[PDB]
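Okay, here we've got a single chain as structure tokens, the form deposited in one PDB entry, with questions on binding and movement later.
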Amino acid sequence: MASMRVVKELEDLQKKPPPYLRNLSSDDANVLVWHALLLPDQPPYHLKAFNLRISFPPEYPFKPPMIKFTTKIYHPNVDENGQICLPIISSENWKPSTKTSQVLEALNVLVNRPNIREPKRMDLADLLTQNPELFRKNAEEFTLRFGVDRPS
């Protein structure tokens, strides 16, 4: 069962959480779901946090985890629904060997450095490519409007 592996990974990760993550805890009733605060560094996202939900399917790790933002975020490749198209989570590139630590590292890198190779919001990617300053201002507005206060 994948539950034992997920519990062990969470216990290992809580001892040494990455700098961009905080208060990563799971509910004991359903341990196949995680709740975390993402703390990026690149502006304007670094002024606040982002609560995301990580769900592990029962056949984990042979099915990659489904990561979805619970709070809104203005990103080139993140939908308003909160879905993500990380290359590691993709079926053709996923392997059972990789842990969730690498996935979280890739997610933090993706948030810090927006990607335009696979835009899940094509119009926003076009706006970023044409006038990056307008995209920056819109991202600032979205963060200040929907973001959650950055914890200490």
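Numbering follows the first chain given and starts at 1. Here, rigid core means the biggest group of C-alpha atoms that superpose within 1.5 Å across both forms. What changes on going to the form deposited in another entry:
- Fit the rigid core and compare the CA positions between these two forms: of 92, 28, 59, 123, just 123 moves by 2 angstroms or more.
- Residue 132: CA moves 2 Å or more between these two forms after rigid-core fitting.
Alternative state: the form deposited in another entry, after the form deposited in one PDB entry:
The text that comes after this line covers the one chain and nothing more.
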């Protein structure tokens, strides 16, 4: 069953979480949804932290989970609602044998090094190509206005 494997992965991950994950908790009423705090390790994103939410479909691992940021961000690679078109969770590249730890590592290296894979919003790509500094200002303002402080 998907629920048992999700629980086992969550327990194994919490027994030794990566440094970029804090207060990773799940609701015992619905264990197929998680809340976690991501710590980017590359400036200027490393200034604050983001709470990300990942939802597991009932047919896990035969269907990639969806990851949505609770806090709004201004990124070309992140959807407006918070969804991420991650290469690993793509249906054309998804593999049930993979583990959520690998997905978390991929997301961490993606947020520590933003990459222009697909312009989810064309205006975002146009503004990033024409004036990256305004995009940097918008991203830092979004982090400062919606993000949470970095704990220890």
